[PDB]
Structures are given as structure tokens and as C-alpha cells.
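**Q** Each chain, written out:
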Amino acid sequence: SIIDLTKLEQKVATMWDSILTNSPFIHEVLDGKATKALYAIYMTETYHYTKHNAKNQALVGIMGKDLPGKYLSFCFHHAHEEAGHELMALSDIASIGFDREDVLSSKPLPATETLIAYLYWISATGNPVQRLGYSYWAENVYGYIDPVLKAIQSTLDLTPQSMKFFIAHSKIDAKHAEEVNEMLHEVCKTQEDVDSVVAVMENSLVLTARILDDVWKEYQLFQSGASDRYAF
Amino acid sequence: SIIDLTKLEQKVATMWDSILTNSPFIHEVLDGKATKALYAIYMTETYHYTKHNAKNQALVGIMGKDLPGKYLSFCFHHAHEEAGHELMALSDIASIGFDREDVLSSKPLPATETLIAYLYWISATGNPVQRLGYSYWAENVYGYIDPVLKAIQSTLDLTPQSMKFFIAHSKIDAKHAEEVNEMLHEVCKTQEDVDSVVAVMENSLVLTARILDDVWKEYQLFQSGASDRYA
Amino acid sequence: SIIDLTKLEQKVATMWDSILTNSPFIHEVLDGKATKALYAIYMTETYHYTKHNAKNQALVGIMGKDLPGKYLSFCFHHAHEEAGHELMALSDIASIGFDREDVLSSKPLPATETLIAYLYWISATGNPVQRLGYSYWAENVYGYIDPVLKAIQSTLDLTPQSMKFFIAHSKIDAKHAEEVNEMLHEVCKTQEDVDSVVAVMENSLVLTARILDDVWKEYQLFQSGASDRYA
Amino acid sequence: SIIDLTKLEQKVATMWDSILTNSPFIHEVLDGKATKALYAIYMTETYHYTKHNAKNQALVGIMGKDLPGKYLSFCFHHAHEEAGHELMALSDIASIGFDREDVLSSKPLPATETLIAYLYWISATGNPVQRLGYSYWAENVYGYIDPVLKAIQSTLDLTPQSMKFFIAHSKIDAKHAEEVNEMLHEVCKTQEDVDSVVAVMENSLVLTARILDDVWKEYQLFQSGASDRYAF
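In order, the protein sequence lines correspond to chains A, B, C and D. Just so you know, we're using UniProt numbering here: the first sequence kicks off at 2 and counts up by one. Just so you know, we're using UniProt numbering here: the second sequence kicks off at 2 and counts up by one. Just so you know, we're using UniProt numbering here: the third sequence kicks off at 2 and counts up by one. Just so you know, we're using UniProt numbering here: the fourth sequence kicks off at 2 and counts up by one.
What the hints contain is simulated information worked out from the structure, not anything from laboratory work. There could be a bad hint or two in this list.
In silico contact screen, one side only, chain A against chain B (beta carbon under 8 Å); selected entries [what the hints assert, rightly or not]:
hint	residue
1	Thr51
2	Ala55
3	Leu60
4	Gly62
5	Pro69
6	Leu73
7	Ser74
8	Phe77
Even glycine gets a Cβ: it sits at the ideal position worked out from N, Cα and C.
Construct the entire structure; sequences and hints are all you get.
**A** What follows is the structure, given as C-alpha cells:
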């Protein structure tokens, strides 16, 4: 294999370190000061972008030219596996006493809309291998964010029922992680293939981090600033 | 359920009757006059449109707005099930002594390119339910074409190895027909939904029938003055 | 230049000869038997595919990779020139006493939907030069269909007001034919480029001819048992 | 008319104020310390996103459903007017002694790739009116960035020949600005139409500002850090 996954693992570990050290959202949570409203604001944006993942994954298989047989199957298989996953986030929001309808009628925050656009773009154009970079960190993510999830669970005294989105991830994503890694070794033939994977891995994570910044800004404005939300 | 599948079955039966009674290609086969070249020309075009089915099926799931949960799952599941199916046609061509490379480097015939265009268009636009009309006759075809298949097998003395495309996935095909029928009852809520399914069912079959015409024209030119083929 | 437009002109002339000699629609008109209903059914389908021409022309410019500068400009310029042209067909229908709303709420006939699908497909995929084949015959049609137009004008005693679609933009049409020819010499660098232009020219005209067949079938049903229309 | 352009003008003026006050790139220029390399790095990214503008403008006309007649014409007309505009940026780069080929073979910076994705997305989906928001600030832009352009012209002692991209803008964009404003009044029927225009105006400008940040980071790394560039 031409791809060195220890090198990608190293870049991902460096990026999370920065995100967790600099995000006020993450510090607020780890201090033990997360609230229902904060968790909802954040789960709402997760719902918004997650809603498009099956679709943009399937798009690689439609737009990609001369993909290896295994890669075309992979795209449709995983699109099928991801379909509806956003409902788990919407279920978690309902589990903490909020209205599913307020979420369904909401427009995504600008950072989230920006991530959504990026993911369709890199799925519809360029080196068809590149979306695997998103999947690479997206699937081996539980190992870095576990302390943040454990702190939210403690502060809001949540049960696995109000945390289904992150409970699916750490069970059948230890398999999906293995599947992504095997697919990466199969489809990466040149260094240009690897470079495109690294470029998408990096930017998709940079863009996902900006969502935390939008979530935090709207959370602060939430007390007075804007009529954007409903506290019950 | 608002859809009456016996009515759809009746329209399909009427259309096949016409196609089988009027296609010179079909009579040639039934007359016991099929040749390796004829089967290969035909399987090559099947290869060209089948190559796109997984892709246009997945496309309904991407372009359709507010699809029932079961239908979005259905689109991606079925795209996954169809992925690679064209390889079975390629394999049958190889099985009768021809080169897989001459197929891979060939351009589809005009009627085949026309069907491909149509199926992408009805998958990307309009009432998202409509592609199920294509699937309706397509998953339930073997019963009408069985005699044509049996005659090809006899003339060219073929084994199941040279006929994977039409009889490898027979148990799978029976399950897919049931799944399409169940999905049709599920997603058709208004008569406009049903009409869109019927329009696509009809036109996709009309366009598929034009492929037989192109195959026959090029076959007659094949034993003559069109060096478009190799044998 | 690598393209020989006299060769293209010869293939187009051969194809029209066939369409005009075999279409019952064309003979009906030439026999002096056109009616308002017949012209409206036909203009309604013209409206349906013309509605998409600006859009699929613009699409070549968006999907084409590394197009010569002049060709990208050409695609967007011509899309701009074509925008709204379907309104002229709508206007002609209104001019002979029918309701513009019955046209706007109608679904295209299957053959028309098939042409629309094909033109988007060849604009979105393949050799980006190929749509120019459609334009080639389409901008240079009036000379072959002139007698049919003249016969319609006589039977239904039409003025230029009821025939805007075919004779309002005549000076503009002559300039567009020249522009397509110049662009063809400019963008065709290899024989594969030329072949792709010829394939599209041929199939787009074959598919347009199928519209005449659908128009005739529905017209015969119109004075009978298809309440698909209003008169 | 339902849209109040003085309100949009006010939001744009507030955003530029922030961008110009906080961008190290902009301060570096206004101090009189811009260099050929800095101008090239920046013009290269302008080239990258400008290259797609005619295309994403034409896309609104292809994807938009039931657009007013004047709006469909507008989309194709303006796509035609924008076609090739990126060549002016590439011409400016050549005018200061750099190789056009180094630009053509370069991949856009992540912030630029992110803007490109966003613009196609908002052009292919949602309320078809919304891309006019990008055009709104894009066309009435010369009035805020004029001092930055005048400082670059002085430091690098440039003639109108090495500044064709920003010389086209301030002549036939006083017409385009008027055309956008007239089109906005024509196509905005509801407040939801206006809101979509405002949302795109804001995010497209936020995303364009991030390009300045990527340009600056790569410019600093340019002395030692990375082999990404060529100083001649």
C-alpha cells in the first residue's frame, strides 16, 4: 500500500489537540457547565449536516469516473448505512424535552451550511477518492472527543437514550473505521490520490470546528441578544 | 393502497405482446436463427445501459425532496444491489469467445444512449416515485421473454455460464420484484404519483424496444458493409 | 479546418427527405388538411422542448472541461439568446384562439420528454463539442420545412402574428447558423470531435421526428376518445 | 419594492470595517509594505475562485424553477459577461514578472476551495434569488477597498497594466451594480426572498475574508516554512 495511515493519524491528532485547546465550547463543557440549550444548539447543527452525508456519499459513485468495482459498491453501501442517521440526533433533542419541529423548521448556521457545500463539492468533483479523507477522521473520532461526551453526560445527567447519535458511532463505527482504512489502501495508487485524501480530511475537520464557533456565538447571544431561540 | 398493480401488469402484458410480435430480432431468435454475433451485439448494448442503473437509482435518493424514510433507504440499497451487474453481461460475451476489450472501448448505439439519457432524466427530475415504473417491468421481465431466452440457449447450445445476466440472479430477481411492488404501494399516495409511474414504465419499455431495432439494423450491416464489429 | 460541413449538410438533407416522405403529419399538412387543433398540439410540444434549450446550452459551459475561450463564451451567449424563445410558441397558440394556461399546465408527450432528456444528457456528458450537432440542423431547418410552413399558413389563413416561432427571428436565425458553422470549424480538432457532432446531429433529429409521430397519434385520438385536449 | 437596499448597504459597510480593521494582510498593505510575492499569492487565489463565477451564475438559470423571465435572461447574460474574467488576474500576475504556468498548475488554498463550494451550492439549491446577495457586495466593493488598492499601486509602483482585474471592476461594475440592484427589486417578493439574499451576502463575504487569512499564513511560511512557492 502507498498510503501511510500512521501519518494521517498523526495529522488528525495534531488538529484535535488544537480544536480542543482553543474551543470555548469545549472548555465550557469540560468545566462541567454545559446546559440543555447548549447541547440542543449543537445537536441541531449536527442534524443539519448529518442529513446530507448519505447523499453526498452516494454522489461519489454517480460522478466518479472509472471507479474500482469495490469502491463503487462501497459508496452505495455506505450511503445506505448512513441513511436516516440524522434522526438519531433529532431523537436526542426530543429526549431532553425539546420540540422536534423547531429543529425541522430551522435553517442551518452559516458554518454548517459551509460544511455541507464543501462535502457535496468534493464528492461531485475532483479526485473521487478524496471524500475518504472526511470518513477517515469522522470514523476514528470517538478516541479524541470521548472526554467531552463523558462530561456532557455527567453535567446533564443523561442516559444512553439522550445520546443515541454518539452511541451508534462508537459501536458500528469501529467496523466502519476498519472499512474506510481498507478502502483507502485499495483506491490510493499515486501520491496525488493520497494528497487529495489529506486535503479533504484537513478541510472537512477545519470546517467542522467552525461549527463549534457558530454554536458558541449563538449560545452567548441566546441570553438577550437575539430572538433566534426558545428556552423550555 | 391507491395503486392497482393488476392494471400495470395488464399494460405491460399488452406492450410485450406488441414488441414480440413486431420485432424482427425476436422472430429471428424464435425462428432458430440466432448466431453468436447477434447475441454479442445485443449483450453489448445491455452492458451499456445496465452500467448506469445503480447510478441513476442512487440519483433518485440524492435529488428527491422529502422522500419517505423507507424510499430513501430503498434507493441506496438497490443501487448497491445493482452495482457491478453489467459485468455479468461482459462475462457472457467473453463466454462465447469474444474480447471483453472490444466491448469496453465501444460506444453505445443511439437507441441505447437514448434510454440511458431518459432514465437519468426521470431519476433526477419530476415526481421521485416515477423510476419505480421502470423497475416494475424490468424486475418482472423473465416471464414474457422466457421463450426467447430458451430459443437462444438451444440454437447456440449455451450453458448457464454463457447466460449469467439472464439467469444467475433469478432468486434475487423474484425478491426484487416483490420489493418494488411493496415500495409502489408504500410511496404512491395520489393518482398523480401513479400516473408518473405508468408514464415511465411505458416509455422506458418503448425505448428499450428501440434498442432491439438498432441491434437488428447493425446486425444486418454486420454481415455486409459495416466494419463496426469483429468476428 | 478538419470538419467538412458539406458532408454534414448531405446527411441532414437525406434525413429530412425521409422524415417528410414518411410522416403522416407532414402529408396531412401538405394535403391541405391542417386544422387549428393540429397546429396547437404540435406547437405545444415545440413549447415543451424549446423551454429547455437555453438551459441545456448553458450546461455545456458549466460541465465542459477546459473549453476553448471562444466556446465557453459561445455557450453562455447563445443560452442568453435562446432564453424565453418558448414564449413565441405560446404566443402563436394564443393567436389561434386557445388558452395559454392549458399549455402551461400540460405534461410533454413521451417523445418530447425523450428529446429533452437526450439533449441534457449530451450537454452534461461526453465530448463537450457534441451539442453543436443539434444546433447545426436546428439553426438551418427552415429551408427544408419551408413548404410545410407555407401550406399551414394557407390552410389556416395565418398572418405572421400566428407564426412568430417560425418567422419572427429569421434574420437572427441566419446569423446563428453562420455562428454555429464558425464555432464548429473552431472547436473540432480531431475526427472523434467530428464524430460526436454527427452522432448528436443524427439522433437529435431522429428524436425530433418521433415527436411528429406522437403529435399525429394524439391528434387522431383527439377527434375521438382521448379527452387529453380542449376544443 | 420589498427590499431596502440601504439596510443591505449598512450590513456590508459594517462587515468591511471589521475585515479591514482585523486583517493582517490589509494592514501590511496599508503600511506600504506589500511585495510582489504577496500580490501574486493573493491574485492567484482571486484567479481560482473568479474562474468559477460565470459557471455558478449560469447554474442559477439551469436549476432555478419558474424564474421570472427577466431573471433567467439576467443569469445567462451575466455568465456571458463574466466568462474569462479570471484571465485578467492571470495577466496581472504575468505583468509583475511571474509565470502564468505556475498559477495554472496550482491548487487553490483551502479557504478558496471553500468559497468555490459555497457559491456553487447556493447557486444550485435553495431560493434561486439568493446568489444576488453575493453580487450585491461583489459589485459595490470598490468603494471600501479603494485605499488598499491605491497603497498596493504605490508600494509596487504598478501601472494600470498590472492591475487590469481591479480596473475592469470600477468601470463596467458601476453598471453591473445598478443591474444587480434593479434585479433585486424585481425578484424579491417576500421577506424570505430578502433573507436568503442577506444570508448569502454575509456568508460569501465571510468566506472571502478567510481567503485573506490563508494568503497571509502562506506568505509568512513563504520565508523558510514551506517549499510551496518560487521567488523571482
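**Q** Holds or violated: the hint that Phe77 (chain A) contacts chain B, with Cβ atoms closer than 8 Å.
**A** Result: holds, 4 Å to nearest chain B Cβ.
**Q** For the hint on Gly62 (chain A), does the least C-beta distance to chain B fall short of 8 Å?
**A** 6 Å, holds
**Q** Would the stated hint for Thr51 (chain A) survive a check requiring a Cβ distance to chain B of less than 8 Å?
**A** 14 Å, violated
**Q** Against chain B, with CB atoms and a cut of 8 Å, does the hint on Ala55 (chain A) hold up?
**A** 6 Å, holds
**Q** Let's test the interface hint: is any C-beta of chain B closer than 8 Å to that of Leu73 (chain A)?
**A** 5 Å, holds
**Q** When the nearest CB of chain B is found for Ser74 (chain A), is that gap smaller than 8 Å?
**A** 5 Å, holds
**Q** Close enough to count: is the Cβ of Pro69 (chain A) nearer than 8 Å to one in chain B?
**A** 11 Å, violated
**Q** Under 8 Å is the threshold here; is the Cβ of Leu60 (chain A) close enough to any Cβ of chain B for the hint to stand?
**A** This interface hint holds because 6 Å falls under the 8 Å limit.
When each numbered hint is compared with the structure, violations occur for hints 1 and 5.
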